[PDB]
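Just one chain is shown here, as C-alpha cells, and it is the form deposited without the partner chain.
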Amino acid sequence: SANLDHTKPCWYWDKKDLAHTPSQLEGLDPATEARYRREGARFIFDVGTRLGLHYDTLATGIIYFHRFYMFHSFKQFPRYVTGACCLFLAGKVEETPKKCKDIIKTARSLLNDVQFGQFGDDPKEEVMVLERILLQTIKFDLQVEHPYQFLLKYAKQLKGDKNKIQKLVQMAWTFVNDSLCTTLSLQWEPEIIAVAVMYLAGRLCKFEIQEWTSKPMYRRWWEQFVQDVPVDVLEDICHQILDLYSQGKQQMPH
C-alpha cells in the first residue's frame, strides 16, 4: 500500500505515501496509527530485551512489523500479536531462536489483561497462524540491515577528540533505537539513517563533524559515506526523531 502496488520489494516509500497506509485508507487517524506503531515497536523491544535477544534481532522484528502494516490494517491485525510474531520470526532468521511459548509468557508478563486479550483464547496458535501471513506479506525477504553497523563503521573514520566522538556515538546509538519507533526504516536506507543520527548528535552537542574528516573535503562530511544525500534529507530525519521527544509524536508522515 501507500503507493501503487509495485513498490514492495523496493521496501522504501516517500513520507507522502505514508498517508495511504491500509489503516489510514480504512479511516484510522494518522496520530492513532503513529501511536500503534510506537507501541508495537516498544513492545518488541521490551519482550526481546526480557528474553535477552541481541539488539539486531529486536531491530529485525521491528522492521518486519513496520513492513507488515504497509499491507494490512491495525483494524484487522492486533498490534501486540503481530509484534510477537515478528520477534518470533526474527529470532529464527538471526539465528537466536526462542520458543513461541516463551515469547507468549513474556508478553503476558508485560501486558495488562486488555492488551493481552488481543491474543484471544489460544495465544500460541494466533502467533503461529499469523507467521504464515507475515511471511507472505514481507515476500519472504528476511535479510535486513540496520543503521547500527554503519554508525560504528563511519564513526571509526572520524579523527579528532576521542571523548567527543565517543559521546557522539553513544547519543547517535540512542537515536537509532528511537528511530525504530517511527516509519524511518520504510523511508531511508540504514546507511542514510546512520549518517542522520550522527548529524543529529553533532547538531545537539554543537560538534563540528566536518572538522573530524580524515582528509580535508570540499563537500559535506557525509559525502564520504553516502552519495548524493542533500542536507534537507538529514534534517527531515532529525525532525522525525525529535518529534518523539516533543510530547509523544503521533505524527504519521504525509
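Positions refer to the first chain, counted from 1. Only residues modelled in both forms are compared. Between two forms, the rigid core is the largest collection of C-alphas that superpose within 1.5 Å. Compared with the form deposited with the partner chain bound:
- Relative to the superposed core, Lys215 undergoes a C-alpha shift of no less than 2 Å between the two forms.
- After superposing on the rigid core, the one stretch of 3 or more consecutive residues whose C-alphas move by 2 Å or more between the two forms is 214-219.
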The other form holds:
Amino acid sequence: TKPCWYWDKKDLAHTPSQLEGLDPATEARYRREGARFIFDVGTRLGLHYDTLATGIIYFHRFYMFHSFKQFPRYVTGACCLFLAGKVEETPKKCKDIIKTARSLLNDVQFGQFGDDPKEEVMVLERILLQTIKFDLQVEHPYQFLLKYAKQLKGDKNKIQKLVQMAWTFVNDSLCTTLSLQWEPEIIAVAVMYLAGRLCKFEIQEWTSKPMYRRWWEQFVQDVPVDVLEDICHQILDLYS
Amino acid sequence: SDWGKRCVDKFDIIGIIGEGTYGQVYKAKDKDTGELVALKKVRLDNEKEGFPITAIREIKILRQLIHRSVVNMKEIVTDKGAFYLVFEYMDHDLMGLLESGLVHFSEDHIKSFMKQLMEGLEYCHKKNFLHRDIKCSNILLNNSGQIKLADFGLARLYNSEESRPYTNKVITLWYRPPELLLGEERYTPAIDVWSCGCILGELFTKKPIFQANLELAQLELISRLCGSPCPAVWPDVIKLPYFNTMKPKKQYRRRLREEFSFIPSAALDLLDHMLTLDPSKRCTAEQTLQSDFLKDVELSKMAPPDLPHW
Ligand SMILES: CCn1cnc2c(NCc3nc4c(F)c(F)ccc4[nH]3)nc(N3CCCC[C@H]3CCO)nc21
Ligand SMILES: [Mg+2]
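Can you now output the form deposited with the partner chain bound? The one shown was the form deposited without the partner chain.
Now the full complex is given, and it begins with the chain already shown.
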C-alpha cells in the first residue's frame, strides 16, 4: 500500500550520516539546527504550524536516505519548506525563502547555498520528491492534541494550560527523530502525558472513566506507558 | 511502495494520446511486463516554481483513491528532468467513441456505463473530493466494457462539515452547471452530478446537449430545456452574483421530458433529477444509484458492448 516511515532506535543509530563517520551527537545537532531553521524561516514568512511541521518531517525523512556530509542541511531545509508550502496549499516563492534564509543565517552557514542559492534549492526538489517517494500527505501531532483535549471534561483553565504546554512540547519534538519513530497520534498523547506530569494534573479525572488510570486508551490503542515515558525522556533531553 | 526511482526508459513510447495540463499524455509499453500503459508527463524544467503545485494536488488525490471505476496510478517514473505518472492503458475514451460514429449504445450499455460512472463518482464524493472536470474525454472505457473516471487535475478536497469558497471557473462550458454560470463559489459535489446528467443525455443523442461558446449563451440553452432559473424552483438563486445580470430571454418552462421523450421512462426520470436546476434539489451520486434505471443493474450479468478494436 503506502511506505513505512518508522524506524527503530537501532536503525536511527545507522543513518547514512553515521555510516559516513559523523558522530551521533553531531547528527542530532545538525537535525535540531535544520528543524529550527525551517521553523524560523517559515515563521518569518507567516507560514503556520502544519506547513512548518511537514517541511520538518520531509527534512528528517530525507536524512534517513542521504548523508549530511553530501547534502548541506540548510539547503535541504529550504527545499523541504518550499515543497511543504505547495503541499499544504500555503505556497511561498523560492525567492522569498532564500531572502529569509540570507537574513537568518551567518555568512558561513549561508555559504551552503553556493553562487546560485535559488538554483541549488530547485535542483534538490527532484531528489527530495524521489526520496520521500511522492508520499506528500503527512499528519502532525497538533491536530490530535486538539481533537483529544476537546473531549476532556473538567476545569477549563487547567485543560487549557495542559494544551498550551503540550503544544510547546510538540514544537520541541520536531527537533528530534521522534517523528521517524512514532505516529503523530502517539506523540500527541505523550505530550499531554508529559504536560500532565509536570502540572501535577490527573487527566483520568477529566474522562468518562475517572477511576481508569490509562486515560489515553480512549484515544490510541495499546500504547504502553513505557512508550510514553521513552518519548518524554527524549523531549526532556532537549532541556538538559 | 518505492516510487519515483524507476526510469522512463523501462517503457517504450508508442505515441502521444493526449494533451495534459502540465505535460503530454503518452501510450507506451512496459519492457519488462509487456503491458500497455498511459504516461502523464510532468515537466519541471523552466518552471518558475519548480514541481507544479497543480500536479502536487493531483498526486495527493490520486494516491487516496482506490476504486474500480476510478483511475489508479501504478507508479511515478523519472527521466534518465520530467516525471511520469503511470496508469493502466484504457482502450478508449467516451468522446472518441461517440465521435467515431462506429458505435451505438443500447439502453443496456448506457445502464452499465452509468452504473460504473456514478459508483466511481459516489466514491470520490464520499472521500470529500470534487472532480470539477467531468466530460466525455475524461471517461475511459476498455474493450471489456469497464469504465474509469479519469483526469483528477482539477479535483480538490471539499469541506462537507462547513461551507468554504472554491474556484468558480471549473468544468468545460458544455458540462458546467447553472450555479457556476451564475457565479457560485461555495458550491457542492452537485456540480459533478450535473456534468454526469449531461453525459447521460449525450449518450442517448450522441451530441452534447448544451453547446454554447459563452456563459450567457450557455445559460440560455440550459434555460430553454430545463426552464429559467427562478425562486419558484430555486429559492436561493436570488443570492447568486449574476442572477440579475445573466437572465435568459423568456421565462421558459421545463420541456426536458418532451425533448427527450424518445428516451426510456426510467432513464428519463434519472435525467430529470440530474438536470435539476437547484443544486440542493439535484440528486446526489448515491441517489442516482438508487434510481429505477440503475438500482437493479447487475454488472456481472451484462454483455460487453461492441466496441471497435480500432
Ligand atoms: C488516465 C490515463 N489514461 C490511460 N488510458 C487512457 C486513455 N485511453 C484511451 C485512448 N485514447 C486515445 C487517443 F485519443 C489517441 F489519440 C491514441 C490512443 C488513445 N487511447 N486515454 C486517455 N486520454 C484520452 C484523451 C487525452 C487525455 C486522456 C484523458 C484522461 O486522462 N487517458 C488515458
Ligand atoms: Mg483536464
